[PDB]
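Protein chains: 2
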Amino acid sequence: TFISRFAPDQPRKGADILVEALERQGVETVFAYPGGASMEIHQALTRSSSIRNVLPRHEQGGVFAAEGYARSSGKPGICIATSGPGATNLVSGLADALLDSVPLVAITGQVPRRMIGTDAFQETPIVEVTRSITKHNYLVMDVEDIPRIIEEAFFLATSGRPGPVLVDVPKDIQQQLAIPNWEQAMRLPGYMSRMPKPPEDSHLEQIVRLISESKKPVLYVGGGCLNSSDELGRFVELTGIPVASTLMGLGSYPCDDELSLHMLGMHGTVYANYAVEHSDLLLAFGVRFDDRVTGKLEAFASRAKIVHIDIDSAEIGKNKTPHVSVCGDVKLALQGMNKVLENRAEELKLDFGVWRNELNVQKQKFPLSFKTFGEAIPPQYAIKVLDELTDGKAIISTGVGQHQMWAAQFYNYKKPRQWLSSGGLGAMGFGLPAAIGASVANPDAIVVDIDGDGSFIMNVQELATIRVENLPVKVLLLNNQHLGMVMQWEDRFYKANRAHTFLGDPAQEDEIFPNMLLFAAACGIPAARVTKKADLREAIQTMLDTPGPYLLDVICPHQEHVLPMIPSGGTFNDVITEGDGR
Amino acid sequence: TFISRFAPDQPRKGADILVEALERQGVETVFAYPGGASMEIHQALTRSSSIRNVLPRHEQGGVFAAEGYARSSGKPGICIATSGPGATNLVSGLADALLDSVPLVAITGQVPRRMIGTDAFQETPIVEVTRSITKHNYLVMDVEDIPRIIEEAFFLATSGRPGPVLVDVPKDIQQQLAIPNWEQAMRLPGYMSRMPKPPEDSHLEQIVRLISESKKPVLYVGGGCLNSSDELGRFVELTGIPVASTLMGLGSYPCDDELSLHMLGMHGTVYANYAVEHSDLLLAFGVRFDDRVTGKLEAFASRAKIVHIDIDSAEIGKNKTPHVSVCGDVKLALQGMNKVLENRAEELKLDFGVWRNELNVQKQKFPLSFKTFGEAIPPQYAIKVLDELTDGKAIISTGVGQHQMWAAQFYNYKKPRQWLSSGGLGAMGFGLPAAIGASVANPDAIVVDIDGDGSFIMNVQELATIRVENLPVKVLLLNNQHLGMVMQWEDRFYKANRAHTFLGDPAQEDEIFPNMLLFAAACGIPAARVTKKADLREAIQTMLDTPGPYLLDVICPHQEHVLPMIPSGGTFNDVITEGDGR
Ligand SMILES: Cc1cc2nc3c(=O)[nH]c(=O)nc-3n(C[C@H](O)[C@H](O)[C@H](O)COP(=O)(O)OP(=O)(O)OC[C@H]3O[C@@H](n4cnc5c(N)ncnc54)[C@H](O)[C@@H]3O)c2cc1C
Ligand SMILES: Cc1cc2nc3c(=O)[nH]c(=O)nc-3n(C[C@H](O)[C@H](O)[C@H](O)COP(=O)(O)OP(=O)(O)OC[C@H]3O[C@@H](n4cnc5c(N)ncnc54)[C@H](O)[C@@H]3O)c2cc1C
Ligand SMILES: Cc1ncc(C[n+]2c([C@@](C)(O)OO)sc(CCOP(=O)(O)OP(=O)(O)O)c2C)c(N)n1
Ligand SMILES: Cc1ncc(C[n+]2c([C@@](C)(O)OO)sc(CCOP(=O)(O)OP(=O)(O)O)c2C)c(N)n1
Ligand SMILES: COc1nc(C)nc(NC(=O)NS(=O)(=O)c2ccccc2OCCCl)n1
Ligand SMILES: COc1nc(C)nc(NC(=O)NS(=O)(=O)c2ccccc2OCCCl)n1
Ligand SMILES: [Mg+2]
Ligand SMILES: [Mg+2]
Ligand SMILES: [Mg+2]
Ligand SMILES: [Mg+2]
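Top line first, the protein sequences correspond to chains L and X. So that you can map any letter, position 335 of the first sequence is 420 in the UniProt record's numbering, and since no number is skipped, the others follow by simple counting. So that you can map any letter, position 345 of the second sequence is 430 in the UniProt record's numbering, and since no number is skipped, the others follow by simple counting.
Derived by calculation from the structure, the hints in this document are not laboratory data. A virtual CB, placed ideally from N, CA and C, is assigned to each residue, including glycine. Warning: the hint list may mix true and false statements.
Claimed, not checked - If you want a taste of the chain L side facing chain X, the calculated C-beta under 8 Å gives, among others:
id	residue
1	198
2	199
3	226
4	227
5	442
Can you make the complete structure from the sequences, with help from the hints?
Below is the structure:
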């Protein structure tokens, strides 16, 4: 039973109605940066005792923190910005949340309703700008609609395939006095009538049947399984099917497990891509068959019966055409299939030990490998040490690039929502603000931003946020002085011709530039640099043991390449397994 | 004080709420064609005792009748159609009403809300289709919004620059029971804050000043003056400025008046186009400077100070850049200027008799002329006889083409809203259904559809409507067996090479085809054909004296050309004054 701060017959500002609408959704944290068009909302936030605001230093930091909050908790992330330049600073995070299916509610202040369309001060038609990069958006045109629209926004953001919803609120609506009606029904008849139903036994029986008739089955799990950790684990016990995971699915099935093929795709392991290449049954659970994973679509799982379980009917058959399809929640499909598998256990007699042994041969012939040069620090090794010293229990956020791939390859995530990374859009600058949101959502967890030097500097201003909010955010900065992933493609395909990928100072070519330690010092954050591989273990331990925030500048040789690599649009026969920039 | 047919606490269907919403707007006549998605609305219409439905035989006839109703009365015309093929049949009339600024409210049934977007039975996304050809449109998503949206539709259609508004009503909303709230405020804050204010004396004084300083002033009046007949007439008394009128403005100033220059433009009189060509002050009242009137914009009124009074700020300076501009209702501007002119009468001493005499010389050297060949009926002469026998008091609707021009040139409209013609879009088939709407709105008036044989056959099915509704609609069919206006351009610019402009039967080339008398006979409408000019006067008199509907098939030589003609994009020096298809 909710307790309002206003009498049921007492008129309050629309901004107070909006804040209470957030309170009634269970919101405890927002990421709000004030401006003229949203001042009323910020005043109403100070009047709330249950909602805390984390003031970022850039609205892109605000939306990315809301993402990290959401990705690490399963709850919707809430960011708030003013009109115009505040709203446009949210755009990268909105697109990021849509491509990765992250539940997000973004609220933007807007000019007064009568000023809309007149090129008013700090006016941006943000509803038009963001229509194609949000799951849905709204322009509130009356204070009476605030309870309903906020409720619909949270429902749309969190139900079905999750995504971002933007709510544009004109300033005059924030000031207008009204008595809210919290009993209004939502106006989503089409959306609600097309929400997937529980999976029928008809479809679930056929899948278990295809499993018993197959000899080379491969699980292909992705971001849709983040809430099915227990069900997927039980499913693997009952079937013994090896698990290949996408970038977004990492941790749904434990990485340090015997049946784990780890990541597949462009930078997936040789044995995971091998398994899919030669499988006869592909169980595609919570995946969208993106080009990083499949390469050439015609060659992807070319001799496999493809079972695709997805909550979005539009994804089924979008790129790869399945044989069997189930449109529904993969959590429920796993539960139904687990019952059938448990009952018919002695009848089915499932044993894929011959297939698993064929894969474990590839696993030992072509494992993930890295080279140690003198006393230089291998980035892959630094992440393995972090995994060891944190016991694989840390929440990991990343930027985008080589360090992102190494953070995916060389850390054994035991649970979903430890892995917070921008996969579909791949937005640099995500790692630091995402760690802010993850730490606020999980204040007792070890939170480490494994960042690159290009990605880290893009939103370096959020170090001030970390200090002011006294968040124990650790930064493991893999510093190669380059835009590494673009540098790698220069080496492979452009004869190592450098086109603006060096991030240091060419006048002092052998100096680490910039000095990231002084960025941390500017914000009162203790920091250190490590260069010798012998010193790396104690340096990471110091970062972990030092209470509060900490930045560890880990210098790495830039000639490292992420391996293996299947070229874009290629097949398994095109996989690159050796070579670097030396 | 309105009297509802339901108790204020009694729930009724949304369809009954919609019909009462029409009743509360003063609606007495709708033009509604039933279908599955609008059956509920039609059931609710039979329960209304104050609203009469005129069932057309085609929804295009329905919307064009709503136009004729509106154009002839100043009230909004209301048409109703079912979803899908009913809605798409409204499209030509919606575009027609937008280009001519006709107040119109179109209501379309729609599939149930949950079916929208699923390619349901008879589903058309009519709101998307018609967004660019309506002033505004709505998709009603809750039964509670019906009172507000209907009120906003009528307000938007009739206020400012009038235009069509479409309201799309899903079938489930028509069936849902609710208690309407008729006190809801409209949500048009931007539109209402930008509605033009009464004209300031600052701007009105400057215009009267420019009048006293000019020696060759020309009034240039259009469709925006249809409600300023008295004010414009008083303005002409106080200034003695000659009046040139657009196609849409005909009748605002009486045609059979001494100061009337009649129509200007592509087929305007030589003296009207002369006056504008050599004017030093152009009073552009309620006009939009379209290409038919101006020709080459740089040459149009090239040596004139241009005063443009328009209620739409977007029209001021759109094609021609004025010197002085007033954004407001021309009715109020005329009233304000009339006060100034009346007070400073002896001070201003306005006399343009020198300019008027220079124009009356052109008026006598180059008047409107037509040629009589043997006993063949000149179409121009037929319209002059109709003018005489009706004493210039008939409501005239037309199709589009040569007959439309002759109906504009050779009938002296004494008041606005006697002239109902499609000017901006120029849609053939307008004349017959427009006469239906004009007769329903003016049941004691003489209503004559001056139609062409191509235009008349397009909506010939509305003859059944005329008989069933027992409307005294007269049809003066100027039958030249051709698509005359396109034929004229073939003669002038394509060496008379015929490209599908002959409407008769080439097997029986000298037979009148089709036999329009049998179309009228099929619908129990008395009819006659006249071919000899000597018989024309009695035939028209018989048409007028015979009570009820009547069709007069007036056979005309097809080689007639509308004269004069300024070629498209030409100047006054390019005017064509002689020649035909002989
Ligand atoms: C530099 C870089 C390199 C990359 N290389 C790789 C790579 O080598 N390998 C790799 O895997 N990725 C790689 N990616 C990531 C990549 O581009 C995509 O983000 C990722 O492959 C897609 O993950 P997904 O298939 O699990 O679909 P997601 O983006 O996670 O979407 C989830 C899918 O499951 C469905 N779903 C959601 N919820 C449910 C539910 N409850 N039940 C059923 N279905 C549900 C959704 O409708 C959607 O179809 C890389 C990214 C970057 C930036
Ligand atoms: C075959 C054919 C030939 C044609 N040839 C000619 C021709 O030779 N000559 C000719 O004149 N037309 C001709 N037309 C008609 C033509 O294409 C245009 O419809 C017409 O010229 C435009 O009329 P208008 O300038 O009065 O503007 P309208 O279409 O009547 O619009 C009214 C204008 O006044 C403004 N307004 C409305 N209400 C008010 C108010 N209360 N106060 C102030 N302003 C207001 C509106 O914003 C708008 O700018 C022809 C049409 C056809 C089909
Ligand atoms: C906002 C933004 N701008 C540019 C991008 C294009 N990319 C990349 C890519 C793979 O998306 O190529 O398309 S990765 C990358 C360079 C990463 O520099 P680093 O942070 O130092 O990490 P590393 O360990 O050295 O590799 C660039 C420039 C991007 N994704 N986001
Ligand atoms: C729905 C529609 N289709 C085609 C049209 C193109 N036009 C015309 C025009 C000027 O708009 O040329 O653009 S006029 C015209 C022929 C008129 O045949 P009539 O009715 O017999 O009259 P008349 O006395 O003989 O001239 C055509 C074909 C049109 N406007 N509407
Ligand atoms: C320096 O100007 C300033 N500074 C600050 C800190 N606040 C405000 N607020 C404000 O202008 N409110 S407003 O009247 O409703 C308003 C009117 C018109 C257009 C926009 C608009 O607001 C939306 C953007 Cl501020 N203005
Ligand atoms: C021959 O079928 C028929 N005939 C007639 C005369 N009426 C109806 N009515 C009807 O189908 N109503 S509906 O259930 O709500 C409905 C459901 C789905 C899609 C559309 C739809 O209606 C909108 C278009 Cl009819 N159907
Ligand atoms: Mg080592
Ligand atoms: Mg780098
Ligand atoms: Mg004669
Ligand atoms: Mg004709």
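To see whether the hints hold, each was checked on the structure:
At a threshold of 8 Å, the smallest CB-CB gap from residue 198 of chain L to chain X is about 4 Å, leaving the interface hint in force. Look at residue 199 of chain L: its Cβ gets to within about 4 Å of chain X, closer than 8 Å, so that hint holds up. Contact between residue 226 of chain L and chain X, as hinted, is supported at the beta carbon level, the nearest pair being about 5 Å apart and thus within 8 Å. The interface hint given for residue 227 of chain L holds, since its Cβ lies 6 Å from the closest Cβ of chain X, which is under the 8 Å cut-off.
The interface hint given for residue 442 of chain L is broken, as the beta carbon of that residue sits about 49 Å from the closest beta carbon of chain X, more than 8 Å.
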